[PDB]
Structures are given as C-alpha cells and as structure tokens.
Amino acid sequence: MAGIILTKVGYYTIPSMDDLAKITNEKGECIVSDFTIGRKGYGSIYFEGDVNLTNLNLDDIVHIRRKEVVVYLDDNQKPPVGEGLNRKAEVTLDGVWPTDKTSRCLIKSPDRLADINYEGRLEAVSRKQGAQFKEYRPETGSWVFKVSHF
Amino acid sequence: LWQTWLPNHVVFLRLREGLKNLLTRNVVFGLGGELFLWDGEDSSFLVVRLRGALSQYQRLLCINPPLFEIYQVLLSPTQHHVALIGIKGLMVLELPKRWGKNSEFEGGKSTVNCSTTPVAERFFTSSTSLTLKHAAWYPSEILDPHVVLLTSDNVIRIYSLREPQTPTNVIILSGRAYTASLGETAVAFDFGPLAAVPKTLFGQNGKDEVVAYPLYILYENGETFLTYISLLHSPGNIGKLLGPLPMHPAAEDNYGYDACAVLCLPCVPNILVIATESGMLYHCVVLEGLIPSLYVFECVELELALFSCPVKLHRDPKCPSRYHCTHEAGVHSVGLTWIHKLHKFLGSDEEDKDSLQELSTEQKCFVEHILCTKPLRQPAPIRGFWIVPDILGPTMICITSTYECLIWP
Amino acid sequence: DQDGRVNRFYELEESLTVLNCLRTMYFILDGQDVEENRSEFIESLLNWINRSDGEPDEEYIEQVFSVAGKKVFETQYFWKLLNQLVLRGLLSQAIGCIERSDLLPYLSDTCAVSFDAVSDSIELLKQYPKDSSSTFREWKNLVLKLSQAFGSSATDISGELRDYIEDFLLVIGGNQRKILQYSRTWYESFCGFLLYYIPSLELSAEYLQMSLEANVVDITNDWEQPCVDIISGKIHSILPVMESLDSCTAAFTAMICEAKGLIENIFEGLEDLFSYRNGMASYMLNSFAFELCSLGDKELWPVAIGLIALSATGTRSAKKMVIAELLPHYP
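If you read the sequences in order, they're chains A, S and P.
Heads up, this note's numbering is the position in the first sequence plus 1107, with the first residue counted as 1.
Heads up, this note's numbering is the position in the second sequence plus 1142, with the first residue counted as 1.
Heads up, this note's numbering is the position in the third sequence plus 135, with the first residue counted as 1.
Calculated from the structure, these hints are not laboratory results.
We treat Cβ as the ideally placed atom computed from N, Cα and C, and that holds for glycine.
Check before you lean on any hint, since a few could be wrong.
[To be verified] Part of the chain S face toward chain P, derived, beta carbon under 8 angstroms:
#, residue
1, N1311
2, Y1465
3, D1532
4, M1538
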C-alpha cells in the first residue's frame, strides 16, 4: 500500500483500501472526496470533501466501538482543525438502544422508542458533546450525528 | 430565642458583603448549640453560638487553606472533623478543642487555627479534568474517620485520614470519545443504616455476623447499584457490585433519564428517594432478592407542586419518614406517611409486589412548598440548608443566594 | 336534599365509604405497590378516610379553640387535634390550627430555637410529596433530620411543650408508637402508617393489626368491618349484605367484582339463566332486572331488558324466551 495502514479486523474504507492504492498519484499522494472509514457492525465515519490520506496510520487514529468512537487517541498527536481526519465529519454508531429498567432488556421496538422519545434523548446527548443530531434508525439502532472536528 | 435574632447577626452581613467582592452548595452545618458558616473569601468558618449578641462569633482559620472553591461542608460522624468538598478537591479540617464555662473553642479566642489535610490530592492534579461528583463520610461513629469520594472517572475511593493519599478501598463501577452511553456514569451515592451481615458476604468464614453499611449508587441514566461496605472485611478492590437493580413496576417512560440525587431513608426495608433534574421524585422500596429490586411505590412531580435545575435531597434528623428537597425554587418538605406500614419481612416475590401496588392506591405522601426563593430576576440556588434538631420542634435554617437567613417555621 | 327519610342517605354513604376503600385497595395499583402510582393511590386513600366519618367536624374545632384552666393553646386537646389532622393528611387545616395561636407568639419570643423547628416543620408539611415516591424518600429524610436536631437541643420552653413538639415531629417522621398513640380509630392509624412510615401495601397486614390493637372496630356503623375485610384480603361474602342495603348497588358491585376477576363462575354442569349455573354477578344483575319489571317505571324497562340482553352469559334463545315473557308487561 502507498502509505495508508489499516489492518484491524472488521475495519474497512469506502473506497476500499485496494481502491485507495490505485488512486495514489505519481508523487504518492492519496486525495479522495467523501471518504468513509467504518467497522462492520459498530459504526462508520463519513468525511465529506477532500482529505489527504497519505501516510495516515488509520489503525492508530480511528477507533470505533459499541456506542463509542475515538479519532486520535491523544491531543498531542492531533493535527489542527481542518487537517487530517480532525475535521467536519458525520458519525454513525450502530446498535444504540436504551435498556428497560424493569426487564433489563434492550428496547428495540420503534413504537416503544417513540413512546419514550429516544430520538429527543439522542438530540440532547449530541448537543452536550458538541455534536448535532441528524437522525436515528430504530431497526438497527443507528445514531447519526455530525461533529465539527475531533 | 435565636430563631428571632439569628437573621440579623453580623456574620450574614460579612458573608453578604463577600459576594460583591457544578456541585450543589451547602456552606453551613450545626454542632451542639453552634452554627458554622463557611466564608469562602477568607477560607475560614464563622461560628455563631445559638444557645446559652449580634456581633459575637469565632473565626476558625485553616492553617493551610484550600485553593479550590468549597461547595459543600460536611461534619464527620464523630463530629471532630469537617469535610471541605469542592469540584477540584476535598480537604478535611480538624475542629479545635473547647474549654471555658461557655464551651467556646480554645477558651473563646476571637480566632482559632485549625489543622487541615488534603485528600486524594494526586488524583485532582495528575488528571486535570478529573472532578469530584459526590462525597460523604463512612457512617461509623467508632472507627477512624473515612471519607468516600466519587470522581468523574466513575470510581469510588475510600480514604482514611491516617493515609489521606492512598485509598483503603476502590470500587470500579465501569471523555476523549463521542459516546451514546453518556449516562452510564455515577452521579451520587448514599449509605443506608447499619446492618448485621454474614461474614461470608465478604469471602471470609465462621458463620458470624459483622457490621456493614449498604452503599447505594445512582447513575445519571437513573440506574441504581448496591454493595455492602465493611472497612475491616471488605476487599481492597470491591467487585461484588449488585445491579442495576430492576425497577418495578414497568413504566411507560422507563422512568426517564437525568437522575441527579439519591437518598436512602434510615428504615428497613431500605427506601430510596431518586430525584431528577426535571423535578421528578421516585420513592423506591428495596426488596430483598442475590440481586435486590426496587418497587417504585409512588412518584412526585415538583413541577406540579409549585423546572430544569439540579435537585438536592436532605434527610430529617427526627423522622425517617420525612425528607427535604432544595432547588432553585426553594425548599419542599415530603412526608412518607406510609413508611410505617411496611414490615421488615417484605420480599420481592409477586404477592409482595401486588400488596405494595394495592397499598400505593390508598396511600399518598404529603408534599409542601415551605419556602419560596423565586425572584422578581434570574432564580438563584440556596447556599446553605440545615435542620437544627430540637425535640420541641425542628427549626430549619436556609441561606439564600444573597446570604439571607430564612428560618422555618 | 330531597327527602322525607334521611336513613337512606346514611346507608348510601356507608355503601360509598366501603366502595372507596375497595377501590383504594384493589382498583388503582392492580396488585403493585404504591411506587407504581403514588399520586392516584394517596388521593383515593385520603379521600376514603375523609368521607367515612365527619370528624374532625368544625363543630369540634371551635370546641377546643374556646375552652379555661391553662395558658393559651397547650393542653392534650390542641395537640391531639393537630396530630389527628396530620394522620388524616389534612395538612392545610393542620397548618391553620398552628398559625392560630402560638406560631410566632410564645415561640418566636420565649424560645428562638424551637421556633425554627415548629416553623420549617410547617414548611415540610407545606410540601408533602404526592406524586414522586422519590421526593417522599427525601422528604422523610429532612423530617428525620429535623427531629434529631430538635431531639437534642436548646430546651427554652415548658416541660410539656417540649415533648408536645417532639411528638408532633415523631408522628411526622413516622414513629409507629406515636402514630398509634394519637389515633382515635384504627383507620386513622392505618392511614398514618401509609402516609409517614413506609408507603408499602406489603405491610398493610401488619399495619391493620397494630391499628386494631390500638382501637377495636366500632360496630356503631356498618362500613368499618367491611373495610377491615377489604384491607385484609377477604373481599367476598359482602354481596348478600349489600343486597340487603340496596339491591341495585349490590348487583352492579358483584358485576364489577366479576369484571376485575375477584369472583368467578365455578359452576360446570337446564336450558336457562336465572340460576347459580352462571356467575353470582350474572345472577344478581338478572335478579335486579326482574325486580325492575314490577316497579312499573317505563323509564327503567329499557334498563331491565338491556341488562338481560347484555348478560354476558346465557343462550340468545334463552334470553329470547325471557324477553318474550317480560315485554308484554311494559307500561
């Protein structure tokens, strides 16, 4: 591969890592628009616009977990806002459901989720973290929200 | 009678003039016939004698003052130490000795120096963003004083004053990330009353009964946990955490989110009060199971008894069936007149739940808005709340945002 | 209001009291505990208690606020009548009886310490939780704190007023011993227990027992024993007696008791309804219908026929026959 490192199981990119290789130009620079990095079954991060993936170690930078995501583990190794992956992005986290305090089961029923207005809860959880809620899909518990940077 | 002249004492002018120059605030505590008022600007206590003049008071100085703001003060069970509780630290002050016919500190000197010791100082400087969410004393009146600290890392640590930098016990309950489980973190805890428990509960043997205290832990999302603490027999790293306690009956709104305060009333079976930022108060009976469950006997909406503010809960020194709630709108008193109907044998089986349900349909608690702090422009929370226990009638002291001393009744 | 004989009024109120109690105990929480719905329950309970009997009748309020041989209001009477008010949830009146004599007087002057107690106690009373079982959990907290503080403090008042204030705070805190002490009737005790001690019906069994040890059931009125029965689980065997008080009420009572599933048709066997074959409720309803047919009021005939037609049991043909025989008598 021409610079990019991604080996953690379950992770992928759109375009695929193989496609990113061929996109690399004569001077070895990988610039792509609308790039996505995801982990099958847990979520993904969509970066609208052009980004320079040249010599980025995505294994060390991007971390997608259940109901959680991290980009750049420490602030010291983080580039300024607008450069690298520290920029505007749309995050999707899957398997996001509340737990019934009586049965201790996950609440996946759309009607039940509308009863407790889980969507409004996720709007609040987004603002409190500096993000803007976008939508929620009960069938898969997909919580989509935009972030100004990481 | 001090109920008459205390609001005119100069200490409130002093504190009021200190204004012109998050945790819920409580800058006052009482001991004997004395009232202690934390003066943030001078990092000292102003002590007013209520029993036995408007200008007279003692100043108890910190030999080594705290540099972080003190939000709450908390007298120890043995009453020889005061916890100075802030967001960015905790400091313990040792009270000086009394002597003289009036039992004044150090014979009535105008100013008395008090020894202080910081607690868990490493955790608040090493991790800059680590904050204190809740603190209390281990309830024992016999053992060395121990403070219990819940920090923003979702960990509870217990410290002896003999080793204030090294926890005697740690309870891992399990910000760089974006997360949907933002409420899976502890915001408060409260100890229940003394209980005798089998020594086998802590892994040791002999079929012998030991002293322990139930520790109830409240998550922001409203979930509750329970563990029994014995400073002698508990392991250094406590892992026998029970919960989340199932909450019965099933509620359409799942009892919401945004829980902010918990109180264990001193009764058997234990009864928990869970308060939310929206003004919801849940009265929960702890039913024995090995995981116990909660039966929400009733719910009270303070928004109706008059709302997005932090709510603080206070026990009543006289009656286990009464507690008080402080918020930006003032003080509410809540009387659970049905507490005395619940017997000590109650369990968590179906027939017990049905009996509790049937009983809740013919019993209701008494809620009263006893003090109103609502402004004419932006509401402000109170700074102090204390119930002076007198058998001839409890007197309540409430210090407003401007250090006005309201007394009830 | 429109009457020659008021005996009917009394009997109907009794029937109402017993029914209030029945609802409060089986028709709100559906087998759950008070936490399931603190608001509704306490509302019904507080209602049941304050409609059963008249006392404390305002004819008795002035009775003591008049009697002397003592200094102002400070004899066993004032306090008994203050505690009584508290035990019955009558907090408003309770407060009133205080702001009546020595709230600010004797206390704000004599002892400034107990004045603060007697005052912010009235404050807690002003905010007794009736919706959140959480708020109550914290309420009893502030109350027990108040009672401890006052408990050991500056005694600048009379030897009697001292305790007279402690007891008031104990009762409010839920002290069982005290709740029983200042109770005139078992239902005052039971009510108090649920309001200030522990709000759990899992203890009703015990509450009732203690209550009855303090004050026996008053056989003067017909509602007390039935209420005791309700509370203590044995709902049944009331239909015949209610049938003696009023056939109609008894009929529909049996009906709703069947609706709840508190009574059912155990029979398992003769081509007709008016028997023990169907329910006990079906039986009582059909009986009422037949009784209505001889009343000669054409307004109720639709009720009679409707009652028979809607009878949840019996062949359409059986009903056909019954109507075929009744209708010709329609006035």
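How the hints compare with the structure:
no.: 1; hint: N1311; result: 26 angstroms, violated
no.: 2; hint: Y1465; result: 3 angstroms, holds
no.: 3; hint: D1532; result: 3 angstroms, holds
no.: 4; hint: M1538; result: 2 angstroms, holds
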